[PDB]
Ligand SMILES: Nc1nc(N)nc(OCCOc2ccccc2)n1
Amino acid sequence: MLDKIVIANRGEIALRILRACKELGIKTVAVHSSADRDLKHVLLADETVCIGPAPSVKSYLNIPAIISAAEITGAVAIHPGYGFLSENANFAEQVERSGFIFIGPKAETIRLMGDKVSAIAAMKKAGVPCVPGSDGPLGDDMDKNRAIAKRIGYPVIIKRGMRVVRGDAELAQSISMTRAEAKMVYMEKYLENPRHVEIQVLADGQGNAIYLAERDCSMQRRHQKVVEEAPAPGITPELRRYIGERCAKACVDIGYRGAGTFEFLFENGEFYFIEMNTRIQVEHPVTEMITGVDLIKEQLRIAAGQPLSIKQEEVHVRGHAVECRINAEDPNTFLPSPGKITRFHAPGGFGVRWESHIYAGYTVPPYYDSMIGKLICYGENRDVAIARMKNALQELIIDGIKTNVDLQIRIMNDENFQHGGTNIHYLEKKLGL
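For the form deposited without this ligand, pop in the coordinates of just this one chain.
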């Protein structure tokens, strides 16, 4: 197993990673910004290295600084975490060219899924369901244009008030009208009220891949996830098998290695590929609760060249989990609201999981994002899970800053949310956004 690793990220995730390393007997190097001196994981790592000033561009984004840190400490691999350089193909290539192991997929692969086109194209071949439409451009002949629309199913759009065709009568006009807007067009199937269901995978690089059920991330605000849960309500074992197996196959055909996620749009029992995150996600714990798999350790094994420990048959969905992201932000602008936390109290109990680096007297800096933690409650059913969350949030205390707690509470209390199956627009809708 791996000797030492560099945790190339900060906050929450960093801490998550550290714990996982410790458990595995792996030495930790913590790279930090002068401003992240007081971070919890930093305080807990084995080695430490301040890579640069406060600003991300000069610290967390500084490849060179990062690489060298690895050279000096004599670290073998690097863990990108999520959101920084996690999906930056250079870094990846660079790390490897440098003599270190990149905890994630091949740069090649990253480049591939980096552009919709190739991604989609790759997806198509692999049998991954994508949004139907017109292969090439859309011509003059109304007979076949309309045959297309039948094929794909109204409503559809043709890619000024924006316009959605709901039937034949309108087809021709909207089509022409758009061509007129130049002085070369296409038709795409319309997804009015879809849900956001993403599939979780693991691949060893040696031919093995596995799906680990799904997650519903429909509760979003400004295209940013707020609540996440697993498994996805409404999803059947059969529907789960179908898209999971398609997903794994793809993985195989693409030489995927590590953890990855496939994000789909789900409407009327159908899936439509949106994108692949070629890294672990913030929402992973939701899945860990349900399968009992530790995504992070598994990621560490793969990197070491261990193949997949798990077989699909050993993967089992049990119970239900919900996650509430917790942020320090402006209730109106949604911007981070930096400051010193005067009082903190975490919630506890059965089925309660707290993932945060914050602490009492800890100062939230303005240079980064606003997320300060995540709360995951598990339960034998959805309902139990929701109930735990209700309480947990009630027990949670964070003074000295503006949070998001109130809204989460309000969401847990939502009629429809408790009913389940809301869509990607419900949230903004209920807020007035």
Given for the second form:
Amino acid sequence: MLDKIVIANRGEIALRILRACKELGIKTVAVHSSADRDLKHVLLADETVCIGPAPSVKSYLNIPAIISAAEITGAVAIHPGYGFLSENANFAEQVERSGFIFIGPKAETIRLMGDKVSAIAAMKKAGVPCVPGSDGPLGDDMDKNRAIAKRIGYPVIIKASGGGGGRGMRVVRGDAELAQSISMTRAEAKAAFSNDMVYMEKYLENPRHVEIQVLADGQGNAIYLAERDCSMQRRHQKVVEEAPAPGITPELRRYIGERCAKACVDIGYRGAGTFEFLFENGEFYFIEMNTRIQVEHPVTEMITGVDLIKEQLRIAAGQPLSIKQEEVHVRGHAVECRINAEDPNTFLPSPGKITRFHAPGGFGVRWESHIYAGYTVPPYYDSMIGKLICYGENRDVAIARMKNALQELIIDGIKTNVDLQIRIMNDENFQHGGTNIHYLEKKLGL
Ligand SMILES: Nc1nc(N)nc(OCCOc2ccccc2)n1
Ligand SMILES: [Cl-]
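Now show me the form deposited with this ligand bound; what you just gave was the form deposited without this ligand.
Every component of the complex follows; first up is the chain already shown.
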């Protein structure tokens, strides 16, 4: 087991990781910005290092300062969490070059999955079903580009290869808009990613977001831990996630899951990972892979009993997966509501001092948050301040428990989305299940 690790993150995920470390006897180093001295996990850590001022560029994205902190403390590994540097291949490369363990895949694998064109080619080769598309980058030849779009069939979507998660894309519904659409996506991708490579896919009209959780160790074991539905979104940002995905049969789960595990083996994947699919008319289509642990990992933990952060740590230390595929069983149902410090009308971040705080409790209730009474939410970081996860023997119980837990949650002094979450839980279509990726924005517009 790893003696000591730097937690290269903040907020709820840093606390999530700290608890896993404590359970395993692993010493913790909390690197933090000067605005995050009073973070819960910082106050609980074995050692703390202030790595820079509030702005992320000089703290949580500051590669030299993070690696220096690992060096000075005698840490052996760095857990990147999600966001920040977690999908940064050069960071992972530098960490390993510096002689520390990066809690994640090899830098090569991060790089492969961050290049959406090469990722898709690897998945298609591995037997993972993908979206009909260009199978390659689009060039400047607009006659060729029109031919590709005709072959695929309109509507199509142009996507940046260095992009992802709704960033760097636009829908094309006919020839007339194709040239300008490619040109604009390209320009935006050059500006944002210093990588102007774009590709084409069939635009799916009403899909669900269904993603598969995997774990792969360094002993060659790779398993899938069912799926999550993350269709409830606003501006491509997940709002609600659940596990398992409604309407997914054990046969479908097994079908897609086995293909994801096989793909892990083929590419030499290591650690936690997530295969993102669009699901429509009973079919999966791979869009992208995330190499990090994700925000919504707790719903998977609730229905499988597998602690995914502890698995990440075990994997990094050279231990094999603690469970076999035949030992992984979907039991019950879990829903996660993200709690955001945001204005209800503008949807803009609403930072400030929490004056009164109360967490919900009870059977099946899991509150993932660093917030406490008197804690100030800084303006410099993401608006997500907590995660409410509720588990039940079935979906109706999980949702019932979520409604009750949301009503117990008190966060005064700042504006939050608790009222919105309650509205979603009470939404008749959500209660039926299987709403698509456009539902929430449609509901909010009505
Ligand atoms: N609908 C859809 N089709 C394809 N081929 N790819 C993706 O990627 C996810 C990007 O998300 C959206 C969501 C709504 C509108 C446009 C893109 N979506
Ligand atoms: Cl994430």
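Residue numbers count along the first chain shown, from 1. Under this definition, the rigid core comprises the largest set of C-alpha atoms superposing within 1.5 Å between the forms.
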- Hinge between rigid parts between these two forms (choose from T333, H345, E71, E192): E192
